[PDB]
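In structure tokens, one chain follows: the form solved without ligand FMN.
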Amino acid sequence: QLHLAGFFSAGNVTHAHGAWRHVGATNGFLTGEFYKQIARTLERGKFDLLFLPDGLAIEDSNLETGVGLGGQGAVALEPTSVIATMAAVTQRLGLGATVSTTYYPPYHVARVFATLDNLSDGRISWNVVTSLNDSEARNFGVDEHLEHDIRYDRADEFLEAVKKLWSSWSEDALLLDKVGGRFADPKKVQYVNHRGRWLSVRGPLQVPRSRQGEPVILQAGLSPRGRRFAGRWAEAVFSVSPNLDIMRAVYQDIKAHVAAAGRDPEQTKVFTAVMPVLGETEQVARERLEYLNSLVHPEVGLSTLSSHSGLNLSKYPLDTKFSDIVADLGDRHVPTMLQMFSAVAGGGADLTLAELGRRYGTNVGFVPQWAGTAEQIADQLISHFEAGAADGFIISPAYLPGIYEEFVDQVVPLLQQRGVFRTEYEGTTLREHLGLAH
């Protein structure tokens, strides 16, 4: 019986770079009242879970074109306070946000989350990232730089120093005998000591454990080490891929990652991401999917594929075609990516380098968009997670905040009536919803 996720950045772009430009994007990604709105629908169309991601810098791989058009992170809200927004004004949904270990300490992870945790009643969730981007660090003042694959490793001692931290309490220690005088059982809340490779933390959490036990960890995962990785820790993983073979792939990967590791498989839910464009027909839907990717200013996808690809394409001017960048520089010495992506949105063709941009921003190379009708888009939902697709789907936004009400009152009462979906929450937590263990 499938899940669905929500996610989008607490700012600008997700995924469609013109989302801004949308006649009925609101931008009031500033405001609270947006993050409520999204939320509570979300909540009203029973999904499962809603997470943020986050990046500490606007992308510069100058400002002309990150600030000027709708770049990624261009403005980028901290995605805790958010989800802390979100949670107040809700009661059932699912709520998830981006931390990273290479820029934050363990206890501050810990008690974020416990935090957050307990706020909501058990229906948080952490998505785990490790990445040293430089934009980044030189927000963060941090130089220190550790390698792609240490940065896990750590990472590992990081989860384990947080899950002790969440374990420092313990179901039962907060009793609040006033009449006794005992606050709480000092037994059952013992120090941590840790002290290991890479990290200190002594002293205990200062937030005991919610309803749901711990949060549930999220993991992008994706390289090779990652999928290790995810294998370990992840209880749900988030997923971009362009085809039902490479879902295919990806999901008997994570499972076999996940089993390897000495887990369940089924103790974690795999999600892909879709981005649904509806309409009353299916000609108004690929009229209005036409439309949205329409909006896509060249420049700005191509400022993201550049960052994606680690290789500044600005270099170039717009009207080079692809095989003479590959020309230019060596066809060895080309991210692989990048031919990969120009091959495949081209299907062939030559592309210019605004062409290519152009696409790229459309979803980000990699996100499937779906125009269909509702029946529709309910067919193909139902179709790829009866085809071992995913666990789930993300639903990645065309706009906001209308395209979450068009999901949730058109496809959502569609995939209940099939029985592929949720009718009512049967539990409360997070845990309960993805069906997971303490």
Contents of the next structure:
There are 4 protein chains.
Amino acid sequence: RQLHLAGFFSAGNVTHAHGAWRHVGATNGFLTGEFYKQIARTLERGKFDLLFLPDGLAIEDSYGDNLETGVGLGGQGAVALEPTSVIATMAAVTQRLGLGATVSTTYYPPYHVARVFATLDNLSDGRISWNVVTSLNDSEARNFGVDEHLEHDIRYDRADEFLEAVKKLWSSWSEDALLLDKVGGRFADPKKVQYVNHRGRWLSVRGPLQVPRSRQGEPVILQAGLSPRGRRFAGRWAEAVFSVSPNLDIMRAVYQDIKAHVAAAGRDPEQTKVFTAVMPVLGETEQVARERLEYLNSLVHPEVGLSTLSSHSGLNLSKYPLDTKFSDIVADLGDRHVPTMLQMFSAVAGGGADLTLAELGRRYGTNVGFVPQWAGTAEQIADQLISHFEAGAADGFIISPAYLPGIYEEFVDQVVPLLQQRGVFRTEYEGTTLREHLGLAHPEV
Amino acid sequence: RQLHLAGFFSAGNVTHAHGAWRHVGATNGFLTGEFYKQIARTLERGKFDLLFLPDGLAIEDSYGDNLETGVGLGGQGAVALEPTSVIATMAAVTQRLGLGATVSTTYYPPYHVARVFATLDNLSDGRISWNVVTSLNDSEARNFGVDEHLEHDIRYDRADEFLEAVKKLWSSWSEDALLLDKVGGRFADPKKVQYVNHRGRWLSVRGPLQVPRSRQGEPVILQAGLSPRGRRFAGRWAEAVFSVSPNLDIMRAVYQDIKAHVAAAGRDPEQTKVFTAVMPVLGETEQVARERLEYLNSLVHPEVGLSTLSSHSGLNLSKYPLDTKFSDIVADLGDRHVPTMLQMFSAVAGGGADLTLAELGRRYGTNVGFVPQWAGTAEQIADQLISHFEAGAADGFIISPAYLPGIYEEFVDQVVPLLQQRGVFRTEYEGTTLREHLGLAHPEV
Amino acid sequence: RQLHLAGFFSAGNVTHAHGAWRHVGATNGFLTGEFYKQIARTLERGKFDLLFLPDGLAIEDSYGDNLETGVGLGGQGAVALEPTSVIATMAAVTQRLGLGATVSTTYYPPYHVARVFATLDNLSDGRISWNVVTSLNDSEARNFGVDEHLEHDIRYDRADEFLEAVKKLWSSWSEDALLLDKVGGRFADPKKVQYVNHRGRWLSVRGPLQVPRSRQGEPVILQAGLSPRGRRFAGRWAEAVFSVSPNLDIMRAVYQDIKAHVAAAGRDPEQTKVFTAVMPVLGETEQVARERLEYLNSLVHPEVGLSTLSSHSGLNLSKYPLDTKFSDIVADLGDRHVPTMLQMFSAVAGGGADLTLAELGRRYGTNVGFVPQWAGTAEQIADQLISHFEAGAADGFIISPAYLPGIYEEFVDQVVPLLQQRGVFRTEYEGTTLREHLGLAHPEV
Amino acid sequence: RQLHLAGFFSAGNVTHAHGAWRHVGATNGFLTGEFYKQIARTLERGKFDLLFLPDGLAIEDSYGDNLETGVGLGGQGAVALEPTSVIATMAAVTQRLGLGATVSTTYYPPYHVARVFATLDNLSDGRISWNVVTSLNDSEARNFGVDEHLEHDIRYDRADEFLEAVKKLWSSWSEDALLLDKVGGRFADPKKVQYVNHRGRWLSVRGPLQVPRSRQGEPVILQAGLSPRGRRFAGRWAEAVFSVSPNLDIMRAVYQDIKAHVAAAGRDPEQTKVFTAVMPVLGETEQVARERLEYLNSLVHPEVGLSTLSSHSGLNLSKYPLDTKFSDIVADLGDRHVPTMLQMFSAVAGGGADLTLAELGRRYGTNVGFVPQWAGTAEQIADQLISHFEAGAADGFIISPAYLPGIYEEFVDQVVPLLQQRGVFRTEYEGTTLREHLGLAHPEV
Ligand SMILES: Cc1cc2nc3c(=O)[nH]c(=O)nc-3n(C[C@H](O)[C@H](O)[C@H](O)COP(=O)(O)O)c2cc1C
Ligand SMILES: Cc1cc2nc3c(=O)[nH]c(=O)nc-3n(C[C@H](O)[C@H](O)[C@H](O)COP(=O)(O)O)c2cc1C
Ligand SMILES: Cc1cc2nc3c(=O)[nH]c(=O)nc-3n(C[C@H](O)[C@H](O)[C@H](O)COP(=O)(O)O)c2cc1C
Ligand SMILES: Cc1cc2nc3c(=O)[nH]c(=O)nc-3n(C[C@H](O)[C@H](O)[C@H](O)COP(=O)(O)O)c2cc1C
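What's the form deposited with ligand FMN bound like, now that we've got the form solved without ligand FMN?
Time for the whole complex; same chain goes first.
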């Protein structure tokens, strides 16, 4: 029984640790090719299954209506490179590492999505993944500028038709269609390249895709989104799921809930790999590790933290003085109008303590509220990973980076070898495709 | 006074020579990263200014409305990779070569175009170019599933506002906005990052762009489109122009006309570089060159040739038997209703002879009618490039490949050194950016 | 049953074709890393078993005790880079291709040879080869400050002990000696690293080697030397043999002779792979190919060919006039005292005739007298290779380059795919080491 | 006025910190190409002047003529790859970084040293350096099967002629000798390529060298050897000096003495750059750094230090009891029969206390006695480098690695940017050669 490992970070200034760009070890090379090439090569040296990128299309002015926080202090999406370009860059200099990009079904037509990932899948020789998200934000809306705003759960309904359209397109070409018979002049068998002719309620695409199928057949479908409608969506489509849980109990529930949704949709639950995100901080001794973590968490500015907390909760908390205690917010707006997730974050993060908005945002900024921080030696981290795996937390772990590129160098040089020595993580790539690393079947046309 | 050199080929089976995939030397590696990496490194080894890719978003299927000729025999766009992914791949393995991609203003929002190229421009450290095109044909639309028919000249009017929007977005970040002051916690100066708030007749985008400016400020604007409206457009926006002319008389006229449009738009004509395309075929002796050219041209299948000729002429010629002579086509449609390009191509390619459709399509397939074929020794090709340059044909030449990747290995190894010894082509890159190679000024925010 | 392919060229101006540096396509980049990196990456792209380099440690100056000819016209070894440095350079940018260097047993101590190749073998993860040679020439000696005389056959007797010393050194480290037990503080098992204490008639070396064994155990032994003593030496030590024969029948005879020597030495003949050198000249048509061979052969200066002919035959022909007829030299030297190779060359070149030594030197300069020039289409060349292989000419072919880097780009693009489609050449590397490519066993400690 | 930076480490298990291979972060990849490619790319990313490697031609078995200590516990030179091969590997994947290798004048002929470094200088396009050393040890002489023992100072006398011989060889080719006139058939001007025919007291070399001059003319001469005879030697030949001093006071004296010896040799002291070695240990806080230093030092086994200390003293400490008080040991020899370096070191223990032999060996294993360990934050390390530089300690610093590859990643990511912000270290390479980086003149032929 071996676990999977994945890397994850924004093509930009911040991922989960909101003080990361301030870290003494941060190169902040996120505008340069070299930065991404170093990181991709490092994770491949550590035999990672994959690396994938989140995405948002707007700087967030969202809290509360301003960039002065985001841009001035380095909040979420202050810098955000288009993710598919970035992984093409990474694909060019690796040969085994799987690579994923987050693209919303909202903003692009299925033809575009299908061709972009089929192209990347071929260029990388069958190593690509699309992380499917159904987001719609007005600012993103403001940027791409389209306002018909569809309700959260209906976006997933549309996304069902979207995925079907994309997969029809990826099946345009039989895997034996291309002939390249030079002598005879037969380029391809036109009876094995078929029109798509899709017309559903939401979308219309004609086809065929002008891009044949790679050696893994189709890109791997990644999925992120844990809403009840999102888990149903994952049951039907996800081949790997991006999850975040603060502790083993929540990890195990999410795991079993997702595997249940998959089985309920008629699919094999062992063909959907669940990853849970964890943020390790290493030290030669546990003491050093805990001091490094303390240093890391002290870089978070209370307002950048609050900004993200405002965005994730849907409540704008900039409207209040920063010293407002959380119970004066519930007092001021009534418990019915303060999101549950926000009341559950205040209770868990404060431990019963009535915290100011400053301190709540500061703590939220350390780890986005729910990504577990693990401080310890390489041996301790290896142990924790192995025991969570054995307790059924996940099929693999996403390693959320405290600072870049350095943390991945530390994790690969110190933690990966220990995992290999215990026999719970690959010593070498067995196959060449992302499907093979993940133990997924090669889909048929 | 030095000339410029550019590479050009589709990320796919065919560019201008319709027998290229059948050439004994063709690797047909156009689905692999390696193919593109080899070519990009080769052109950088030869100190080329740039390489750019065309694009079409559908298998050309009009003649007449079928997969079978295009796919079966390997016509235009039978395989067509998404071009921006492809040059991202090339950028990761080069450090000087300029890289361009053709993207239509029709099918994407200005926000997308701006973010993709800003990303590539940053990933490549200031080496990227967008080749602006305004196309819109029904099959591509059928894929993007849209009902629109903006008339040709109106597409250019919309493109004016489009470019304006993209350039506003690329000016979101001043070049001194990014601070990365870790000690003070100041990421960036928010007074140097500006909202865009563009609301024009055609488009609306708010901004700012989440991507700072590269060391060359903004991507270089390439343009392709030689219609009277397109030349006006080039006058206003183009920093480099993609042109194709069958002989020196037409090259010089196109040259002077473009430079005139640029001056008429209030811009400096020497800040718009005109490239003209030529298809060289080398041999150790002139005799060897001519036999290789004859071999190359003998690979063109008459029906693939005819397919492209139909698409370009706007006339479906599948309806006729292949042995139909061209004058029964003129009889069948009336001299008035025969597109001018089609009448000029028939007269030029036949030299007055009445040709079958097979033979007309076959000759069109050799060079898309109007790309000059130059057979000779390295010294002769070098001579011809120099004399055309001295005769005011162009500021630079696009080298259309008879077959890939080999032809570029030959060109870089045999012709480039001769140009360098004569002092008309750079022996080494003087700058690091595409603007520096082309001698373009660094634009202000 | 598949054939093997090897590349072979001098790290310098000339290999077998003496007009190569003058070829219009020759880059003459033999002083730069880029030149060697390109060729290695190209031969790896073509799935070649290996690439190796010859060596001489002095500008040939025997004819006529001066460098005016060698240096002035670009003769053998006019430029000659140190070969182990070069293949280290190639190893760094490849991961499958085997890489070999010729080093003479005469000029270096066994410890030095062992350490250099053990190092390269580790650096390349098991892809290195030593081409064993026993040369001793005075100019080389003059350079090394040696005033050593040892007779041809005795040099080989000495080499037997040399090989034995080197192979002991490569067994210094057991393959399980290295522990890297950090926690316990045990670097390596001291009972599995052993002193050598070699004290023989010729050499003494103590050991152990400071370099452990790579994944292929030991560097592959290549050998070049076709003399009667040379074949015995190959019989005992060679794992691969570099041979040259002018036609299939002699190829076949040398082939069986070497396999017989291997069997006579008590070894398995299928564990010594025989390569024979061939010089292909490709053309799209046979006519083009023959014109290209004619062009290439016309670049040879009669005196450079003659210079080389002198060095291989042992007679310095410089003293004679260029119009000295060949039977007038044997008249004044007797059937008894002019070398055997020298007139199996003259007759073969005339096939009957009396030529001036100018003409004899010119013809020798094209292909070093005995390397067959094969001009044809890719299909014909592929046919001939398969046909010679099936006829028992060799286990593999050394592809002698008419000019560099260009000829290898053509061969990999045109001939290799044809071999692969016929199933007689690997479509992909099955293993990672040079031993696995050659189908050699992993030697024991 | 900027300081220079150099990297330095053995191609093997240990450099100065003898517990390094045991460090949790050490990859111990010293047998793989990847390990060296990574370190070299990292130092190039950090704009280092140079990286050079030490060497020994035998496993360190002196204490006590057995390998059980050296091999069993991982003392210095237990694994030691041939250094010229290693830097060739590094040169292939870098384009600016300087690269040097240590080769003894004792064991190789001048022709061999000359050709290897001329070859490397060309492969690297002028970035190479030879670190001149005059060592002669018994284990090493018995691997090369040498039995002549030359007195310490005489080896340096021999070395004087050695360098003249090597520099003569490097002037074999005029920098305008190579012509490559393909049309005229003139390879090179033979009157600009000269025989050497060097015959002095010690050595004889004929020439010419088969390798032309690189872009920087000749390899840079590094030297290491601080005996009085070594410093006179450095005065005459060295262009950069490797020095080690435990504090600013000794640094400054060593600095000024070397500059004087150079002036005394009639050379410009500004044209010989002196480097001093320091071993930094970084932490996010000073507390963290001091702890990481403690961890590092706690990995040192007392006997490996002594194994290594035996050779440096050159006294064999192997059979004195480990708890032998040092002074008591002092007595059999007589204060007069004690090598001094060891003696100051006893002094440099710094407690001036009678110390166990275990304990002297432990401390020596820590930092080779005299390389200062600096623990602190990046700012503190930068400060100390700047303040030492300004106080005239050295023209540049050698950064001795606590553990590899990681410490260089930390150093380049944390300290270099700070040095750059202060303007005391280059933000970018101004030239392409090692001579340009060090501010050395281009020597003429
Ligand atoms: C762990 C995780 C990571 C996510 N990352 C992104 C992301 O990078 N970009 C995005 O648009 N949506 C992302 N989402 C999904 C958003 O929640 C999104 O707004 C979607 O509409 C709702 O997903 P949901 O099922 O959580 O409601 C992520 C969701 C999860 C659970
Ligand atoms: C040399 C040249 C190359 C062109 N390449 C493309 C291309 O690759 N893709 C595309 O959509 N349009 C391309 N075009 C422009 C097409 O003509 C396009 O349909 C546009 O609507 C009309 O441009 P026009 O000004 O030539 O009419 C190119 C035009 C020229 C002159
Ligand atoms: C095909 C072939 C290639 C050879 N290449 C070299 C070489 O590059 N350098 C060298 O010193 N000897 C080379 N030799 C060996 C020389 O002939 C050498 O001087 C040796 O002492 C005699 O080899 P022999 O067995 O052919 O007589 C080669 C031999 C053969 C058959
Ligand atoms: C900082 C430094 C580093 C040295 N490194 C080496 C080395 O790696 N290999 C070597 O043989 N000698 C090295 N030496 C010099 C040795 O002492 C050498 O054996 C020589 O014979 C005597 O040099 P000396 O002048 O210091 O006595 C080094 C010397 C110094 C000062």
